[PDB]
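Excluded from the complex is one protein chain; the other protein chains are retained at their positions.
Per-chain numbering from 1; labels A, B and C assigned in written order.
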Amino acid sequence: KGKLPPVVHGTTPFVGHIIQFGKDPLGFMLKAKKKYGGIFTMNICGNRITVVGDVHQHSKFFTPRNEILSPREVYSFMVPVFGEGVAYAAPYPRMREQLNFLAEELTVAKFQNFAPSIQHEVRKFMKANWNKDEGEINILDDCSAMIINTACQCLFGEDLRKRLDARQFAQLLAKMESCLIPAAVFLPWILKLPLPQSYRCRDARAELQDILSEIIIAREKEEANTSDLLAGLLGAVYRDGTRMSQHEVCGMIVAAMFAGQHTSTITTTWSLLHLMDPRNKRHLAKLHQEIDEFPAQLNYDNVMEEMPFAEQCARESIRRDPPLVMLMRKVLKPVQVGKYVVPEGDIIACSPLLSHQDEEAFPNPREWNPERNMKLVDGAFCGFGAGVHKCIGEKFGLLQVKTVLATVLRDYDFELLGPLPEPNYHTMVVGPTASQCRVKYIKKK
Amino acid sequence: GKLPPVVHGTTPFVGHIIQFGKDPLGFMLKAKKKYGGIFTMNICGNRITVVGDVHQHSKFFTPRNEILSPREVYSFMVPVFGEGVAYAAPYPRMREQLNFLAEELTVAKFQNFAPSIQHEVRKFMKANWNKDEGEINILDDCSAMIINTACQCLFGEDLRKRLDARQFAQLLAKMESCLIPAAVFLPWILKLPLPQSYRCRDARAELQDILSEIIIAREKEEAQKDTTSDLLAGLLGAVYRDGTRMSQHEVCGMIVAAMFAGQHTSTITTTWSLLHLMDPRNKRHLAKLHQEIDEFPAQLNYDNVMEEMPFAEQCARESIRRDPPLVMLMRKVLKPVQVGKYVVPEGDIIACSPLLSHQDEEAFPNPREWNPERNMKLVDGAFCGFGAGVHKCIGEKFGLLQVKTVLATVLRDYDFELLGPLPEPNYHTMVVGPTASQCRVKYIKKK
Amino acid sequence: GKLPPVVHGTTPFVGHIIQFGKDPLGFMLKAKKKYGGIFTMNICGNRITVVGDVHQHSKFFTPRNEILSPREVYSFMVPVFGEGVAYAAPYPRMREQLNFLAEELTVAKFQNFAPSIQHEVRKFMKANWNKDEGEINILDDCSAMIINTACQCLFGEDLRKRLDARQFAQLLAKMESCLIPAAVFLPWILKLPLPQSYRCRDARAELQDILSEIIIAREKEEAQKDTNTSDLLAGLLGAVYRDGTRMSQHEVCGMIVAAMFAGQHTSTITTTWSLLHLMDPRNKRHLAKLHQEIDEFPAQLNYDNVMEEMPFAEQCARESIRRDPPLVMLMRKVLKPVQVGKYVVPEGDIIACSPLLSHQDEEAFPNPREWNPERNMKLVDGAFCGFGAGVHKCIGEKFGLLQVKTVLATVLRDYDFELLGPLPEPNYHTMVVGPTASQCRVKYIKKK
Partner (left out) sequence: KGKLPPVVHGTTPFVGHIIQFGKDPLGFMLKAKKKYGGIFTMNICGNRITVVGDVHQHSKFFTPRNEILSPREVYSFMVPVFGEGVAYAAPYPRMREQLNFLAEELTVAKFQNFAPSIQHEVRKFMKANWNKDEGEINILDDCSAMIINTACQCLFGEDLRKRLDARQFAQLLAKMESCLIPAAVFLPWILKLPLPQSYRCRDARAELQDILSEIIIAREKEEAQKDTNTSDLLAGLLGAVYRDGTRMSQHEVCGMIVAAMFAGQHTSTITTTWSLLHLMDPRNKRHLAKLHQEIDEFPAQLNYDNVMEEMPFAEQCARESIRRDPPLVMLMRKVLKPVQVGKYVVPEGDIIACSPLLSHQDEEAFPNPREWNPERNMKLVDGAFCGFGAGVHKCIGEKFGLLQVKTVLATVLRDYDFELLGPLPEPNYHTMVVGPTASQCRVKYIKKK
């Protein structure tokens, strides 16, 4: 009993498929699925990675417990950012607890005065950098800018932004992001070489933790209130009565800012790219309807329970081109999947990038269509993952994407300068090709 | 001949990096003291001989490219310049390319740069410093002014509509991001699949398509040919000694090299100077500076800044003497060079540090003191903020043009005040400047 | 939960290697003495904890693969075994594979092995030691006799026609050229464009095509179905995984190379050492007692003569391995923390048992540098782990001992030996540790 998933042919003797796969990740798998079916095994530098390409077996990957499927080792290449013993790095229970701490820091109830704050930053930026009747900009960069500004304005209190504003923090982030080497998942060793990056990362992170400390100690003096994400983590308590270290606190914060930064920016950038695509005049018009009925100053309910189509666009761009191409786990205990049995020590993966393309659940995959149904196949859509490690920021993330859309589209139109941007898979968080993201903007004179 | 003294305390495979990393300047200061000006570090199996003896600077800046070559030591910048450009190009191709740029930067090319610079510096202040007073990050604001004043001076109008200063400084970041100076000692780093590496290529590619985009339109519109040459136009006119023209690839690479070069160094200089100018200790220097500028009208002309601003230059030059933006100039020894009593073998990396040399107490007594009145020629050849000899900075004139001009304009309308102890230099970055976070300052105008 | 001491004196990025490489045994002898049996070295930024406490051996050999895994620590050998074979393969896949080889080496598979071993050993003697007396390198000669006897026993007649023991010895060399054990601590080594890595690739390719061309040729001739004395290849071709499927020609080639490589070096070293000690003046009594045991035997030995009636010969071989174990460092990757003695070894750490170190423990093996066949191996139950223990315990022990024993009994029945200098000292700079080859010149004597 227990059959093994087919190992993809044409595997180099020792380097595996890392080259074949790297060049064209989507095509590689997309083809591979046809020759061997949904479930198949890649050999990446001696590593067995088995992808769940069958959309009907997703629950098999998102359901099992950490004891069977584990994310600790797979995501260890991020330790430099989070810090040692933080998040995934820590033991499961410790990890479980910490992730939760952040989760509740991003729940609807904590969205007080977030909509206005987002609206405030988006407009200050627009009235700062798009002050001409019409102008040429890189929408990917400008969204990344607007996104970080609004993310900080919401999760950071006033005293924190004064000593460390949005533009300065971004700098710390990039310095810490410069040591994130995703190939480290297949080359754990590369994380042990003498690298300058990992030095600049220790610094940047150490600088942040210093500020935080110097703000906590400042609050502890002025203590003798709109509690932000910071004050939120400093209050949380473990199951044994102890609190988080400033090291742990600093780690979660960074994780939150990184996590929400690129995904939200990409999910916004895409949409805009689609909505401004001539083939979408339909969706663009409908959207304007949905928001033309809104006043200048938006409120919580306005975007949460009254912008369904907007959310559909946000959720459709993520279905077409998922920011996270490959969700991985370490198989600690053998798991039945389809007609196959993925063995222990193997690397098991569900690719949002892949599954999203199954013509069965998503016929005509390469067409950006908000209208199409996401539930057509249950568990098929995994843009925010599912089960144990479901995105705990989906709500907060959608809030931004949507509020930024509304804001931008209410005041500006857009046109493409060339063919639609094609996804670039050479980045940890996948987004449209930056060099293909040059666009013109129409002001509403 | 005998080899220099190899500073002891070397680790099995690391070498001195660990200790050099912690403090480069301190490390050398200590070494020079113990071993003398000429000593040898070992950086990951790589031998690097620094010319600490200030008297021997010419031994470094003088020899021809046959003996000393910057080609292999500057390759890590290929991602910025592009394949086969600048250093990444054949030796003679490098010389010709660098000349073409040197010619595009001669004083003869500064006709309305003065007015341009002031315009941008007055649009920024009136837009970012409008309150009676306020707190800001000077280093960040000077950077913004510098890229603006550069793009306004070197970039034609038709080019600036496709890519304004802001969006250009945007593409620089994405390209500077890939830069890994350490690659000089750990070459395999470049061979490693790193995101940054992809970043740079795409950023450079984006600037590439705009330039070409811009170019051909110029040819189409070029038909009338009846009546102001920018940098892009100048380069496109350069013809090699073999009768061929630079390729759009080479034209792009050179423009980036120019902008990248003048962007960081110019802002770092302008900023430092300002910081020293607002320090209590330097009350006298600030007073003398105003006198020199108080005489000038609203609109400054080329002469005013160049010939009639001698102390301004001394301040800027002194700011580069104290905290030199380019801390380590390197070369590859292709043939043994006699330095002092010593002889540097071939294959060895020879280095002159404007940072270490600018601390020489003989040449610069009270080194950590910012004194515009000090004598730079005390030891002829000591100061090398602009490198020297064969590879002397080809943008010194244009650079000083901005700095001096920018200061005259800002200080004419504003005063400044520190918010803490004067920032310390941050050595972690490829172009050394004052620690960013320490650069918040308050501004004041006294109409 | 307390960590084992980290032996002090570590350079920044190198670790203890430089020191350890100079002298591994001396380093572990010095460590063990200072910090106690359980300690931790650093090897190029890799924590490696050696279970030197000879009373804690079970805590290394016993844990299940989930906890302690050999898979990654043995991946530098992939170029030899092949992609997804043996260690490279998934654990279930692996465990089954090794069991197949296991079953092809049970004592039930020694039908005419003894006679085959003698024939070779006598063919070699009468071809290379024909003079009244002569000078020879006994290590080199034992290597030949061992590869000849192994091939004779395991390879069918058709296989040996295409690839004789000499030809196969070549392939082994070509293949074991790449191996870079250091790849264990410096993995990127395997990524570099090294000549070695291509050589392996090609050599295993050669052996690969011959096995395949032999198989398809056995299938055509199979049309007759005449009685065939199934060889090692035959048996593996007859193995079936729990999932019904059969071993591929690739995996079949791997297990054959695996066994041949494993037995060739360890068998020859054990043989040579034993001969070396037996000819050492200090061991006149031991040689004398050995002859007594084998004088009673006839020209043609049988399975029972060597198995149940050569207990002192085996002792000699077993004590040779106790003194100078061929496999010096057994390693595992720690997946889940393990309680060892008082200490706890954290996950991500490499755990090791060094037979070499363990076999020197004075409480277990007093006067440890003395080759004493009379010594008690079980003085401290568990101390001796020449053949490993627990889950991965050697599966060729019996077959290996069969050879060493049968060979000793043949050689010493017709020959005597004298050293030409001080007894050879082990050379630790090889993947499998044996006596120094250059110190291996020896004088032989015809008996009669």
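The criterion applied here is as follows: a contact is a pair of C-beta atoms (placed from the backbone, for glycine too) under 8 Å apart; a residue touches a chain by one contact, two chains touch by 3 or more.
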Result, missing-chain neighbours among shown chains, is B, C
From B:132, B:157, B:219 or B:242, the answer for touching the chain not displayed is B:242
Missing-chain contact among C:123, C:166 or C:285 belongs to C:166
Cross-chain touch to the chain not pictured, restricted to B:13, B:27, B:35 or B:427, is B:13
Touch with the missing chain holds, among B:44, B:182 or B:258, for B:44
The one of B:51, B:171, B:186 or B:349 in touch with the missing chain is B:186
Missing-chain contact, candidates C:38, C:44, C:73 or C:401, resolves to C:44
Against the hidden chain, subunit C presents residues 14, 21, 44, 161-164, 166-167, 170, 174, 177, 180, 182, 186, 189, 192-196, 198, 202-203, 205-206, 209-210, 429, 438
Subunit B residues touching the chain left out here are 13, 44-46, 66, 69, 71, 75, 78-79, 83-84, 88, 90-93, 186-188, 190-191, 197, 201, 241-242, 244
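Everything below uses one rule, namely that only the chains that are shown with their structure count from here on.
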Contact graph of the chains (line, ring, star, complete, other): complete
Ranking A-B and B-C by C-beta pairs in contact puts on top A-B
In whole angstrom, the CA-centroid distance of subunit A from subunit B equals 37
Expressed in whole Å, how far the mean CA point of subunit B lies from that of subunit C is 63
Residues of subunit C that touch two or more other chains sit at 13
